[PDB]
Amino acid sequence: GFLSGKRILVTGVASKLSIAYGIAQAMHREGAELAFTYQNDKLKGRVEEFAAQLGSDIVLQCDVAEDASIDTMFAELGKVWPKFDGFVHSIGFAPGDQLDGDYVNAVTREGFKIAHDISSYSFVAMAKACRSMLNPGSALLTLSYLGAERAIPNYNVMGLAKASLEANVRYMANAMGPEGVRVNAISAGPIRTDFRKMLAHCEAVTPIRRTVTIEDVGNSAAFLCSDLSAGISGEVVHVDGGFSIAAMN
C-alpha cells in the first residue's frame, strides 16, 4: 500500500475505539511497519496485544511528562529502528476539574501548566528526542480539535493547549522542513464512542450529516504520513465532515 517502506511509531493507542488505534489500523493496512508506546503498567498488556494484531512486537514504555522517559524510549526504539519515518502524537490531557463549567472559574495555574505540557510540549519533546533518527521524507502528525480555534463550552484550558499545539505544528514544520521532515495536524470532528446532545447536534449540522469515524481519521492520518502528502506541511487539516465551515444549519 502507500505506506510500504515506512516505519512509523504510534503513541496513544488505548482501546480499539481510540483514534490512535484507527490510525494504526489504517497505516498497517497501507503497508507501514509500526511501533507503539504505552504510558504505564495498566495499559501495557492491551497495547502489546493490539500491536501483535497489527504485526508488531515493538511496544515500549514512554511517559511524555518526563524528558528521561522519552530519551530511553528512543534509545530502545533505535536498537530495532536505527532510523524511521515519523510518528503519530495522540496524547492530550487536562486534570478533570479543568473541563467542567465556566472556563475562567475552572482554570488554574497548575491545570494550565499540565494541559500545555502534556498536550503541546510533548509533541516537540518527542521531535527533539528522535530528530537525528528521522529519514528524509519523514512526517510527524498530531491530533487537534476545533476548540483550538473557537471557544467551546467545557473544553476550556484544553482549547488553549490545542492552540499552542497547532502553533507548535507550524514552528516544527518550519524548523524541520529543510532536513526533509513535514509536520501536520488533523483537527478531528467529535467521534461517537452532555456528549449525547453534542453528537446529535453535530450530525444534524455537519455537511456530510454524520460524525467522522476513527476509520476516516485513520485514512487521513495515513495520507499525511505518506509520500502522497509530500506537498503538505505545517497544515491543520479539518477532518470533521465540514462541521467548522458551516453556521446556523
Second form
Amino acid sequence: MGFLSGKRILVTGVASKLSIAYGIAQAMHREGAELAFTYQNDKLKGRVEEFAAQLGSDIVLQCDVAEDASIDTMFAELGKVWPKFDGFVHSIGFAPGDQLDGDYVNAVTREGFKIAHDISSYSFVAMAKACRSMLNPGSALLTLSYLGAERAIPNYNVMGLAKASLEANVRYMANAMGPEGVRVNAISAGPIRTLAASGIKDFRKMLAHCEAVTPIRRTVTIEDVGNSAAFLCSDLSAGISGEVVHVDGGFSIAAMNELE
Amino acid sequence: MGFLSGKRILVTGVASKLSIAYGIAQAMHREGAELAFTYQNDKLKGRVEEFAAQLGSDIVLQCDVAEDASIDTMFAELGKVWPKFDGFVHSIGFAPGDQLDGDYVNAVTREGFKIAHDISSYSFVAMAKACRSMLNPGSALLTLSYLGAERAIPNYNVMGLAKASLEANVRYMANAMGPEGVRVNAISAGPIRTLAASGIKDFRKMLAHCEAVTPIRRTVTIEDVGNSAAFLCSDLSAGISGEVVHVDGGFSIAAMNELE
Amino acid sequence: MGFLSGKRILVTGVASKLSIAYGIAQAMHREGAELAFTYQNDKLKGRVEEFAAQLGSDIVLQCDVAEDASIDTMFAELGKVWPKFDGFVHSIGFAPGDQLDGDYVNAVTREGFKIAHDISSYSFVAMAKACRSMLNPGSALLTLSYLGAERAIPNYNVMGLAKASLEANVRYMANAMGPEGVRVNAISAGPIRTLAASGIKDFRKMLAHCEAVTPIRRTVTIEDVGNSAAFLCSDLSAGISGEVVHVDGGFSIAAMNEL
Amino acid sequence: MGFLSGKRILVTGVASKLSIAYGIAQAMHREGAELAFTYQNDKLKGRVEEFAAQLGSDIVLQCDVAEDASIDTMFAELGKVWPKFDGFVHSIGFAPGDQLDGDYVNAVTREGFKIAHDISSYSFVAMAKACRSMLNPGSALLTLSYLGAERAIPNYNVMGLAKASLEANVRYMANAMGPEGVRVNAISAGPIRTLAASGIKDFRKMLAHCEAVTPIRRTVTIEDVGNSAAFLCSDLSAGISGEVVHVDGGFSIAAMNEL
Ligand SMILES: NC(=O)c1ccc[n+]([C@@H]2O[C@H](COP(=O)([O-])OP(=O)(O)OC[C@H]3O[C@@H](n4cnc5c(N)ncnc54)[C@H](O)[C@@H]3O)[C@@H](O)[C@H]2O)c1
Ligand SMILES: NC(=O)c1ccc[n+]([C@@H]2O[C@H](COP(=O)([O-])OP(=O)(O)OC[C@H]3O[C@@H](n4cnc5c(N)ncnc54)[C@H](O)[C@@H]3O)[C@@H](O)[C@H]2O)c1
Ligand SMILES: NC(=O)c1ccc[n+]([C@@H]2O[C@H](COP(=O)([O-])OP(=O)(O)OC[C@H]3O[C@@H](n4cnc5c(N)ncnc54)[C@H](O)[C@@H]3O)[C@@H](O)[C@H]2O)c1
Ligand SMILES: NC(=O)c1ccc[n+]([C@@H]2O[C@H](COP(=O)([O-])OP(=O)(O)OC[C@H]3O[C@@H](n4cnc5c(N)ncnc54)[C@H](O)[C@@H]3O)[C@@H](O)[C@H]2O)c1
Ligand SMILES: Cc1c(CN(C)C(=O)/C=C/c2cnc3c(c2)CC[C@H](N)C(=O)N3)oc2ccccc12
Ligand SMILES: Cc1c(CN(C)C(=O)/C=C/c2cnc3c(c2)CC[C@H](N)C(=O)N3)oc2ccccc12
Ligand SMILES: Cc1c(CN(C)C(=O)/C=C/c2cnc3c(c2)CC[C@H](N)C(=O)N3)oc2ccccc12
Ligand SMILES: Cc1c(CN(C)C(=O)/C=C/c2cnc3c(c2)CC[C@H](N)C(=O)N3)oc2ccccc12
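Switch from the form solved without ligand NAD, shown above, to the form solved in complex with ligand NAD and output its structure.
The next block holds the full complex; its first chain is the one shown before.
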C-alpha cells in the first residue's frame, strides 16, 4: 500500500541506478504504485528490464521520443496490458554535448537548438498527445526541469532555453488537460551527479558551491526528488497543477550566500 | 502510522470546521502526526479543545500573536509536554475589515497597514524566534499565503502587501534556519469560503470565476490544502525549502480563460 | 539631439504600418538613430524600401531567419556600409497558423513546434552570432515577447513555449555578451491588432477584455512600444540587461477583475 | 527640449551627492523637468536647499514620512506653488541598523519590523494618498526597491520583507490609480555605495562579487539609475505600469558564477 495505491504510472528515463527516474520509480514503488518503464535504445534494454523487475514490473518498452512512430508503438504496446493508466514521468533531457561547453552564443547552433528543444521539451507533450485517451480522471503528468530555465547558468547554454520551453509546456499542458481531469507539473531539481553530468566541466565545483549556499546545506538526492515526484503524481497533490516545484534545497531563493 | 509518524506539529489558526488549519490538522492526524493547537481568544477556547480532542490532542494553548508575551508563555507551556517538537503551521491572517472593501489607496491607513503586516507577516517569524530552541533537526515550518501577494486583486488591498511580506519572510526564515536543520515553506492557496470570507464583497462571484478558469475546473478545498501541507511538513519534502507552493488548481498560471 | 543620436540600429520585422517594428523604427528615427531595414521575402521588399525611404534609410536588405546563409549574406551586405554598428531590433514571431487554434495538446505537432521555436527564438541568437564582431561597445539587442511565455493563454499554444525559449535566450545572450559591452533585453508587449492578429479567434474580445482590466484602462500601441524600445536600445538604459520589460499597461500584474 | 520637458516632479530622499535620488534629480533636470525637493529633518535642510539651488529649484519642503501630518503639511505647502503636478520619486528606505547584522531570525524584532515596513513601504502609499487630487493625468510615481525583496540576502534581513511589501504596494497602487491616469513603477537597483551602505558588513566585497558576476561586468551608478528613473516618470513609458524594472546590470538573472 501507500498513497499511490491504485495507480499505474509509466516511468521514462531510467538509464542507471543514479538516474533521477530511478529514484522516482523507487519512491513510487514504495508507495504502492504499479510501474511500467521505457528505454531509449537496445543498449539500455537489459538494464531497465532488471530495474523494472526489482520494482515488480514486467512492462519494459522501447521508446525513442525523437520519433512519433516510436511513441505511438510504445503506447499501443502498453495498452495491451494497461488499457488505461494514471500518468507518466518524463525524465528525458538531451542536447548534443558540444552545446554545453563554452560561451553560449558561440556554442549554440540551429541543429543543437533544434535537438535540445525537440528532445527535452516537445517530447513531453508528444507523449501526452499519444496517450491522452488512455489517461484516467485523476491522472498526473510530471517532468524534470532545472534552474537553467530561469537564470543564465554558465555552460548550460541551449538546455536553458529548452527547459524554459518545457516549463511553458507544463503550463499549457495543464491548462488544456485539466478540465478532463489530468494535472501536469514539473520538479526543478538541484544538480545531481547522474549520467547527465558526463563531460560537464566543473561539475564537482558546482556541486560543492551548491552545498555551501543552499539553505539546507546539502545537495539534493534522487531520493529527495523521488519523494516529491511521488507526491506530485499522487492524489495528495490534487490541488496542484501547472506548477514548477523547486526541489533544490532552497538554492534558487537565496543570493550572495557564497560571501560567507 | 503515516508519513508524519514520529512528528509533533503545533497548529495555529483553527477557528471553525471550515478553517484551512482544520483541514491541515485533519490531514496531519490521518498521517500519524501528534498535534497541539493554539487559540486566539477565550471565545475560541471551547471550540479548539474539542477539535483537538477529536484529533487525539490534549494540548490546547492560548496564543495571541499580537503580543510577544503571549507567544513566549504559550511555548513555555508547550515545552512542559513537548520539550522539543518538529515544526508548526502558521494559519493566521488579519487586517481590520475596513481595509478590505474599496479602492486600495483610499482604504489603506497607517494603522491598518501596521496591523495587517504585524499579524499576518511578523507573527510567523515571531513564532519561530520563540521556539527556535525547541525545534528538532528535520523540523518544518509552514504558512498560508494568497495570490494577492503577487498580483493586484480588487479589495484584497493591504493584505496583498502583508502577504508579499510573508512570502519574503518564508525565504529569509528558510535561509537563516536551514543550516540548523529547519525548512520553511508556504502554500499559496486558492480562495476558500472560511471565516476569512466574512464580509468580503462578491466572494461568491470570485469563487464561481475561479471555478470556471482554474485548469482543474473546481476550487480547492481545505482537504486539498491539508494534504499538501502534510507533505510539506513531512520528511517527504526534505528537498523543498523557502518555496511558495501554489495549491490553487493552477489558477495563477493561466490567463484570459474567462473569454471561453 | 535625440537620445539615440549617434547610434546605428538594424530593424527587422517591418511588414506594415501596423507592425510593432514600424512603431519602433519611427521612435528610433525620431530620437536620431540612423536605421537599416531587413525584409523577409520578395513579397515585402517594395513596402520595406518605401518605409525605409520615409525614415531616410538607403539600407534595405533581405533576411530570412530560417536560413543561416541568408543571415550571413545580409550582415556581409550591411558591413559594406556599416562596418560596425550598435545593435538590432528582432521583431520576428511565427508559427504555422494551424498551431494557434483550439486545444493546445491537440493542435501542437513536432513540425509546428520546430518552426515556432526556430523562427521565434533561435533566430534571435542566430542573428547575434552572425554580427557579433560588428557590434560596438555599448551595443543593445532587443526582441519582442508576450505574456503567453509566462502564463497559459488560450490558443497561443506553441507560441507560448517559443516565447518562453526566447526570454531564456535573452538571459543567456545577455550573460554571454555583457563582458564585451552588449546588452540584450526584451519587451513583453500587450496585445496589439497587427498582422500578427490575422486569423486569430476572438482577438477583438481579447482586446476588449484587456482594455477593461489593464490598469491604464487602454491597450498599448506601437507608439508605446516604440518609445520603450528606443530607451532600451539607447545608452539611457545602460544599467538594464537580461530584462523582460512588460509594456502591457500593467495587464499582467492584475487579477480577478470582472467577477 | 528633454523628454520630461513639461513635467513637474517632486523628489524625496536626497541626502548627499551619493544618494540615488541625487542621480535621479540630476537626470530629470537634464531632461527638462521642473523639480521640488523634500528633506527629512533639520539636519538635512541646508544640504537639500543647496542641491535644489544647483538644480534651479526654490521648492524645498520638510517631510518626515513617519508622520501623516508632516506629509499633509508638505503637500499643502507644495500646492501653493504647484497646485497640480505630475508625480514624485519615493527614495526612502530605513530599518534600525541593528536589524541589518547577523542571523535574520535572531536580529528581527516586532519594532524593527514595524519601522522598516512603515518607513520603507507604507510611506509610498501615504504620499500617494495625500497628493492624489493634485496629480495631473499622465502622472507617474516611482520608488526604489532591491533584490532582497525577491531572494534571501545575508544581513538584508527585515529590509527584504519591507521591500517585498513595497513591490506589492507598487502593483496595488498602479491598479488603483491607473484609471485616473497615474502610473506607478519601481526600479530594483543593484548595490550602490551610498549612505545606505553605512555600517553594513562586507559591503565592499559584495560590490566586488557583484562587479564580477553581473553581465555588464560593473556595478550600476546613480547615473544609470537616474536615467531609468527619468524614463519611467516620462511619457516615453506610457505603456509601463505596476512594473519592477531591474537596473542591476543583469545581476539578478545570473547564477553559478565563481564555482
Ligand atoms: N542531473 C541533474 O543535475 C538534473 C537536475 C535537474 C534536472 N535534470 C533533468 O532530469 C532529467 C533526468 O536526467 P538524469 O539526471 O536522471 O540523467 P540520465 O542520463 O540518467 O537520464 C536522462 C535520460 O534521458 C533519456 N533520453 C535521452 N534521449 C532520449 C530519447 N531521444 N528518447 C528517449 N529517451 C531519451 C536517456 O535515455 C536518460 O535515460 C533530465 O531531463 C535532466 O535534464 C537533471
Ligand atoms: N480563505 C481563503 O480564501 C484563503 C486563501 C489563501 C490563504 N488564506 C490565508 O489562510 C490562513 C487561514 O485563514 P482561513 O481561511 O482558515 O480563515 P480563518 O478565519 O478560519 O483562520 C484565520 C485564523 O487567524 C487567527 N488569528 C487572527 N488574528 C490572530 C491573532 N492576533 N493571534 C492569533 N491568531 C489570530 C484567527 O483566530 C483564525 O483562527 C490566513 O492566513 C489566510 O489569510 C486564506
Ligand atoms: N501583435 C501583438 O499582439 C504582439 C504582442 C507582443 C509581441 N508580439 C511579437 O512582436 C513581434 C512582431 O509582431 P507584429 O505584431 O509587429 O506582427 P507583424 O506580422 O507585423 O511582424 C511580424 C514580422 O515577422 C517577420 N517574419 C516572420 N517570419 C520570418 C522569417 N522566417 N524571417 C524573417 N522575418 C520573418 C515577418 O515578415 C513580420 O515582418 C513578433 O515577435 C510578435 O510575436 C506581438
Ligand atoms: N544603495 C543601494 O545599494 C540601494 C540599491 C537599491 C535600492 N536602494 C534603496 O534606494 C533608496 C534611496 O537609498 P540611497 O542608497 O540613495 O541612500 P540614502 O541614505 O542617500 O537615501 C535614503 C534617504 O531616505 C530618507 N529617509 C529615511 N527615513 C525617512 C523618513 N522617515 N522620512 C523621510 N525621509 C526618510 C533619508 O533622509 C535619505 O535621504 C532606499 O529606498 C534604498 O532602500 C538602495
Ligand atoms: C547542472 C547541469 C547539468 C545536469 N542537468 C541539469 C541537465 O539538465 C543535463 C542535461 C544534459 C543534456 N544533454 C547532455 C548532457 C546533459 C551531458 C551528457 C549527455 N551524454 C549528452 O550528450 N548531452 O548539465 C549541465 C550542463 C552544463 C552546466 C551545468 C549542468
Ligand atoms: C480571497 C479573499 C480573501 C480570503 N483570504 C485570501 C484571506 O487572506 C483573507 C484575509 C482576511 C484578513 N482579515 C480579515 C478578513 C479576511 C475578513 C474577516 C475578518 N473577520 C476580518 O476582520 N479581517 O479575503 C479577501 C478580501 C478581499 C478580496 C478577496 C479576498
Ligand atoms: C495576443 C495574440 C497574438 C499576437 N502575438 C502576441 C503574437 O505573438 C502572434 C504570433 C503569431 C505567430 N505566427 C502566426 C500568427 C501569429 C498569425 C498570423 C501569421 N500570418 C501566421 O501565419 N502565424 O497572437 C495570438 C494567437 C493566439 C492567441 C492570442 C494571440
Ligand atoms: C545592498 C544592501 C544595502 C543597500 N540597500 C539596498 C538598502 O536598501 C539599504 C537600506 C537601509 C535601511 N536602513 C538602514 C541602512 C540601510 C543602513 C544605514 C542607515 N543609516 C540605517 O540606520 N539603517 O543595504 C544592505 C544591508 C545588508 C545587506 C545588503 C545591503
